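Only one chain comes next, encoded as structure tokens, the form solved without this ligand.
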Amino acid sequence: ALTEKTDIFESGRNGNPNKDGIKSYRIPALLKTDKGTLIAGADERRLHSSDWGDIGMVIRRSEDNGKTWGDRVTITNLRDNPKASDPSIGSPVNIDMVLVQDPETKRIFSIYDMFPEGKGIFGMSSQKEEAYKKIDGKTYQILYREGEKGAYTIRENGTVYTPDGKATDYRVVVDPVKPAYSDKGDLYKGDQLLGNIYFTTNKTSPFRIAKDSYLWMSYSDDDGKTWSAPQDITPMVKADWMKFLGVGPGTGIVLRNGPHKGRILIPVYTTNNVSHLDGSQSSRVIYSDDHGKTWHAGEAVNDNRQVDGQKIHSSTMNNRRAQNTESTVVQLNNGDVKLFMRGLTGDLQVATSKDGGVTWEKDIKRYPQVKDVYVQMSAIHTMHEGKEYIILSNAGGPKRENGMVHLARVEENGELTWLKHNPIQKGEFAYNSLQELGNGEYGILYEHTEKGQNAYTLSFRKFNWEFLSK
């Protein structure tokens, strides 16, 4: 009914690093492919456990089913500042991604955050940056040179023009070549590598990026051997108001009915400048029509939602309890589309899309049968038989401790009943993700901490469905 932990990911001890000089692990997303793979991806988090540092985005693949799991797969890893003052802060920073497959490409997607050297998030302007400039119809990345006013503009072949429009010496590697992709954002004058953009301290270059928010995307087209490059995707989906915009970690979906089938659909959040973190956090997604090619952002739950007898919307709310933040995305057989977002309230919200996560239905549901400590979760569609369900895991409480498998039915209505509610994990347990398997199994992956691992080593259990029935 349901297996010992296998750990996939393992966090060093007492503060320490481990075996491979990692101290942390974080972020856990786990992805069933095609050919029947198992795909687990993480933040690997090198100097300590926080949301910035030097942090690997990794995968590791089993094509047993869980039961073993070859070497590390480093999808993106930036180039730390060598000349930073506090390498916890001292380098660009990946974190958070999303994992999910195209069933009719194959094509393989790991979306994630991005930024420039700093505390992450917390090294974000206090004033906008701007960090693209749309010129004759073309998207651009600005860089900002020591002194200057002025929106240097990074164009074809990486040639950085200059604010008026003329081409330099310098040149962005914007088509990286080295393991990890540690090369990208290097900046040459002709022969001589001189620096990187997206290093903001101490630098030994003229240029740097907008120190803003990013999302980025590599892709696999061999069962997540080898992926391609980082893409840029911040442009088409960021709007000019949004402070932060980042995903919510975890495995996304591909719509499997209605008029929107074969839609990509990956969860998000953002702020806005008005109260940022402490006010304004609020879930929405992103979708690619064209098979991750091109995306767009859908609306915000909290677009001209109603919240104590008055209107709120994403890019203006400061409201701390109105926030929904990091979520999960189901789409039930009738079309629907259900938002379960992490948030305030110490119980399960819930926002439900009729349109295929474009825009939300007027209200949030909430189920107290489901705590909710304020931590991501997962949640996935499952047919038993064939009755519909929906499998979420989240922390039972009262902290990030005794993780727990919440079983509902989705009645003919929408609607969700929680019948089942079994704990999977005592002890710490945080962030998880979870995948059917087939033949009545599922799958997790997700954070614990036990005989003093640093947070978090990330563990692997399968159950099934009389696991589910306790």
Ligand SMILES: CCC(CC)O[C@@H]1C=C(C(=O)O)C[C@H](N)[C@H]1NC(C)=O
Second form
Protein chains: 2
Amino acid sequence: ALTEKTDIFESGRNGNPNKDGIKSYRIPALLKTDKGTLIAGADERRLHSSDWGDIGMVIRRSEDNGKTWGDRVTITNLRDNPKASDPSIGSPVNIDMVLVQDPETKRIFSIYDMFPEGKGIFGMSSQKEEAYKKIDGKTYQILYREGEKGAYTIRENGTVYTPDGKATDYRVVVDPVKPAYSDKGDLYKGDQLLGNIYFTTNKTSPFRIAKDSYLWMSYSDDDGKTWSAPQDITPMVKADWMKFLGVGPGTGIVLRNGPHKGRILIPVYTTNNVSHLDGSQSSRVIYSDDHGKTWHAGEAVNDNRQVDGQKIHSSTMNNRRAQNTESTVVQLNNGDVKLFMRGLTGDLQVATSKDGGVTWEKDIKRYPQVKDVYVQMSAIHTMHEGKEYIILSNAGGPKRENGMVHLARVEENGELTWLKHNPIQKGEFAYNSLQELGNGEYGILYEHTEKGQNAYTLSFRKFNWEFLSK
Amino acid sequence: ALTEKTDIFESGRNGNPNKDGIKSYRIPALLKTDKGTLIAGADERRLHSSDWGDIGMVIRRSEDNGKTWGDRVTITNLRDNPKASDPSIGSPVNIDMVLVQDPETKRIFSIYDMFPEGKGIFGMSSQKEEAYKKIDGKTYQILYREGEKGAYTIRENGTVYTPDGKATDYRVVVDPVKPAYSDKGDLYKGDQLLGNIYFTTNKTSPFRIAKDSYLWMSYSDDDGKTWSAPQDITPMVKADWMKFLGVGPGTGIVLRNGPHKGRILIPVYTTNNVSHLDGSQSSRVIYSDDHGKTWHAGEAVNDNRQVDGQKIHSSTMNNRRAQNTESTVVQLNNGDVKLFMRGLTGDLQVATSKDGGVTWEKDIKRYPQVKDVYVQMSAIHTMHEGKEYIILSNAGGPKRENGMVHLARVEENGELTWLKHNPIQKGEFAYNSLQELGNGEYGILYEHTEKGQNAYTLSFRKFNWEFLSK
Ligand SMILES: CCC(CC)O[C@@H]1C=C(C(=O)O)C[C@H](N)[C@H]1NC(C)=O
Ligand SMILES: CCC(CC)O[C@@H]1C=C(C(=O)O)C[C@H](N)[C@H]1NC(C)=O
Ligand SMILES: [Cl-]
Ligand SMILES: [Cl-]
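Could you give the coordinates for the form deposited with this ligand bound, as opposed to the form solved without this ligand above?
Below is the entire complex, every chain and molecule, led by the chain shown above.
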């Protein structure tokens, strides 16, 4: 009914790197593809377990439903700043992926955060630094030159233009070609490599991007074997007021029914400049109606939400307990979208959208039946014997421990009834990602440690309906 | 050399209404047209002197250079909410105008603030209420309905659409026809008047606009005699992060030389949601390059500005002393644009733009020769014999008192050499607006009180080069 665990990404032990030189893996995503392949994605956290440093976005593939797994494939690994004083914060950063496959095109997307060199989200400037400029209708990423106020721009072919609109002999590698695209952002003056636009300290080149928060996408058209260069989708979805915008990691969905069938939904969340991480973390989705070419931001759950008899908005709120952060998204057979959101009530919080994830109903539903210890979760739709269910996995508590799989019946009015709660992993348990495998089987990729393992080793189990019904 | 004062807009006395039932006039704008007409504009503040209540945007014309003045012409006067409990905050508000004429098309523009019913800027919602939505490429104003979360929209012909995009039987007066356009915003169902979308208390209709900050424009093609219905320019210029966006009142300019010649410049300022009126007031200009058809926001003087060794941005700043508010704008013969900004240094603060008002140099210049008591000022370019000068008028201080006219030589690099400082009005003295009359003559419209006049009576004096020079 429940398989023994298979370690997919193994961390080092007792604070040492593993044999591949990697201290930590974090942030699992699991995707069953049209070919039946399982793709397991993770942050490869080389130097330490924190949300910054030298991190690669990686996947492994299983062609036998999780029994065996191929070599690590690295999607993106930006090169470190070789002159950084603190290597622990010395690299441009990618973290936190969401995987999804388009069922019409078979294109597989990995969407993940990016920050320039520094302490990840904690490296963002304290005052806003504009990251893009719209010039004659085209959006260009901004560069700042040492000692100068003005916004240089990266235009076609990566040619750097002066704030006054004059082409220079500086060029940015906008079409990276090295393994894992480690050359992305490299800055050249003609033939000479000078540095990298993502470096923020001890620079050898004149130019850097804004110390802001970015969203990148990479895609695979060969079942996860090879991956595109990263696409910068930030300007499509990030409003000027947003401070952080980043993914709720795991596995997104494509709507399978209703007027918005085919729409791809990716959980994200934002902060504002009023209260940032103290009081404004707010869930929403971004979405594509054209198979991943263009993206749009849905409204926040928190936009025009009534909290304590007063309205809030994600752009202006400052309310610690009204926050909702990383989320997981499911569509019901009736077309409604449920967003299960990490939050600070101690129990499961759920928002509902009747318009394919663009706007949210006025009430967030809470379920005391399911504890939320403030950690990521995953949830998936499933049918069992003509009946509709949702399976949700997260930590049982009291801390990030005792992995649970929760089973809810989806009632005829779209409400949820929690029926079963079963342990899947004793001891440490954090982030996780669920997938249906077919024939009454489900798979999960999750964070756990034992035997001195560093946070975390990402392991895989399969379970069936008999496990769920216990 | 200096005429006696002529009262153009007369306030009441000792706290009472004047003979027309108007307590106060405020916020002068003076415009010398191509025909030679003088247009004097003001807020007609019926109920009291504050920046809210029942206020009309008015002008008077003089066809003989300030000797005689015609009847008051009301550009815009939104109707009050007849059901408001407190009539002093009981009307949708317009306040603060900027006048300018396009020298090519001769069209005259009046641009001014608008707020829905309440205490003016102090009636803005504490949390963001979205004011506009883009649907099918088109931008629509939002309406909120009592007890409903979703955004209704005002679409073609004023027809109200549901949040889910269905036409209702409700309609908004979007093309007002009553004198002074007092029917603007009226909410009808079929042919029955139900209320007004600008009303925010004790409503008789289901709908209101966002409690936000707006910018409206009215224009005249007949030398100020008649005026168009108000045009909502807000969505063209107001970023999502901006809380307040309003004009720096007085008289705007059209650039007369350089690559941007023809551009109309209107001083405005913003606040953000981080510190609002406490630490974020920030000057900039909005501009039109197509004779007032479309408008764009320039960058703030405060954007990426270095203050006490650290950068600020207008969208995130919280620095009382770094604020700059209402301003007056002048183009030099060398093409530079100077922005003289009301601020909190006690002396004259000046920003410079080399690109027609879009971006500003890193340093704000302070001129200790000119006191600034934290009050609006006006400034104009002038040629005399034929050397280039600026004339600037404000209060000499210590309070809002002792009107001064300041004369600067503009040097070839755009530096200002202050030559003369001449008193023009003893006693109370506040907002003002200068114009060149020709033949070495200049006219000014300013706020002053005497003999128990309520703030303010707006008066007009002419002076010549003889007065300026001693
Ligand atoms: C930014 C929100 C939160 C602050 C504690 O950090 C998240 C928490 C995490 C966690 O609770 O384990 C891991 C996430 N990968 C991280 N995200 C980022 C962007 O760093
Ligand atoms: C909003 C800035 C300030 C409040 C501190 O109010 C301004 C001050 C004024 C003043 O100092 O006399 C008059 C302006 N008409 C007013 N503007 C608005 C929009 O109300
Ligand atoms: Cl560099
Ligand atoms: Cl009403």
